[PDB]
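Given chain A's structure and the hints, the job is docking chain B onto it.
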Amino acid sequence: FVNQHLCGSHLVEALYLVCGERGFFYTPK
Amino acid sequence: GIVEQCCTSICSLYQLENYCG
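Going line by line, the protein sequences match chains A and B. Take the first sequence: its letter number 17 is residue 17 in the working numbering, and every next letter is one higher. Take the second sequence: its letter number 1 is residue 1 in the working numbering, and every next letter is one higher.
It should be emphasised that the hints constitute simulated quantities derived from the structure, not laboratory data. All residues carry an ideal CB built from backbone N, CA and C; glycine is no exception. Be a bit skeptical, because a hint or two may be false.
Coverage of chain A stretches by chain B, computed from C-beta distances (three or more under 8 Å per stretch; other residues unrestricted) [unchecked claim]: (1) 1–14; (2) 17–28.
Just the calculated beta-carbon pair ranges, DEER-fashion [unchecked claim]: (3) A:21 - B:8: 27 to 33 Å; (4) B:10 - A:26: 17 to 23 Å; (5) A:25 - B:9: 18 to 24 Å; (6) B:12 - A:9: 16 to 22 Å; (7) A:29 - B:10: 24 to 30 Å; (8) B:17 - A:29: 14 to 20 Å; (9) B:9 - A:21: 26 to 32 Å; (10) B:14 - A:13: 15 to 21 Å; (11) A:1 - B:4: 26 to 32 Å; (12) B:10 - A:27: 25 to 31 Å; (13) A:13 - B:4: 16 to 22 Å.
Bound-form chain B, shown alone:
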């Protein structure tokens, strides 16, 4: 999930946009 991709590892714009509506 988002925590594993962006908090425990370094986030990215691609990863954040995966969760936009």
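Here chain A stands alone, though its shape is the one from the complex:
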């Protein structure tokens, strides 16, 4: 599911699923 254009909430959802308990940082700049 990660090899596509991921924008907005879809990108944050992908980070949430991939990173799991590691957490993540979202910096759109």
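Same frame as chain A, but now just chain B:
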């Protein structure tokens, strides 16, 4: 940043994991 690599271009697992904690 992540938007340029994953939204305006096609994302990858490597790129997403760059931003995990």
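Verification of the hints:
1. Counting residues of the region 1–14 of chain A whose CB lies closer than 8 Å to any CB of chain B gives 9, which reaches the minimum of 3, so the coverage claim holds.
2. Counting residues of the region 17–28 of chain A whose beta carbon lies closer than 8 Å to any beta carbon of chain B gives 9, which reaches the threshold of three, so the coverage claim holds.
3. Separation of residue 21 of chain A from residue 8 of chain B is about 29 Å and conforms to the stated range, judged on CB atoms against 27 to 33 Å.
4. The beta-carbon spacing between residue 10 of chain B and residue 26 of chain A, approximately 18 Å, falls within the hinted interval of 17 to 23 Å.
5. Judged by the Cβ atoms, the range 18 to 24 Å given for residue 25 of chain A and residue 9 of chain B holds: they are separated by roughly 20 Å.
6. Between residue 12 of chain B and residue 9 of chain A the beta carbons are some 19 Å apart, a value that agrees with the proposed interval 16 to 22 Å.
7. Distance hint check: the CB atoms of residue 29 of chain A and residue 10 of chain B are about 19 Å apart, inconsistent with the given range 24 to 30 Å.
8. Evaluation of the 14 to 20 Å hint for residue 17 of chain B and residue 29 of chain A yields a pass: the beta carbon distance comes to about 19 Å.
9. Checked against the hint of 26 to 32 Å, the pair residue 9 of chain B and residue 21 of chain A passes, with Cβ atoms roughly 28 Å apart.
10. The given range of 15 to 21 Å is respected by residue 14 of chain B and residue 13 of chain A, whose C-beta atoms sit roughly 18 Å from each other.
11. Between residue 1 of chain A and residue 4 of chain B the beta carbon distance is about 20 Å. The supplied range of 26 to 32 Å is therefore violated.
12. Residue 10 of chain B and residue 27 of chain A have their C-beta atoms about 19 Å apart, which leaves the hinted 25 to 31 Å range violated.
13. Range check, residue 13 of chain A to residue 4 of chain B: Cβ separation about 19 Å, and the 16 to 22 Å hint holds.
Of the numbered hints stated above, those contradicted by the structure are hints 7, 11 and 12, listed in ascending order.
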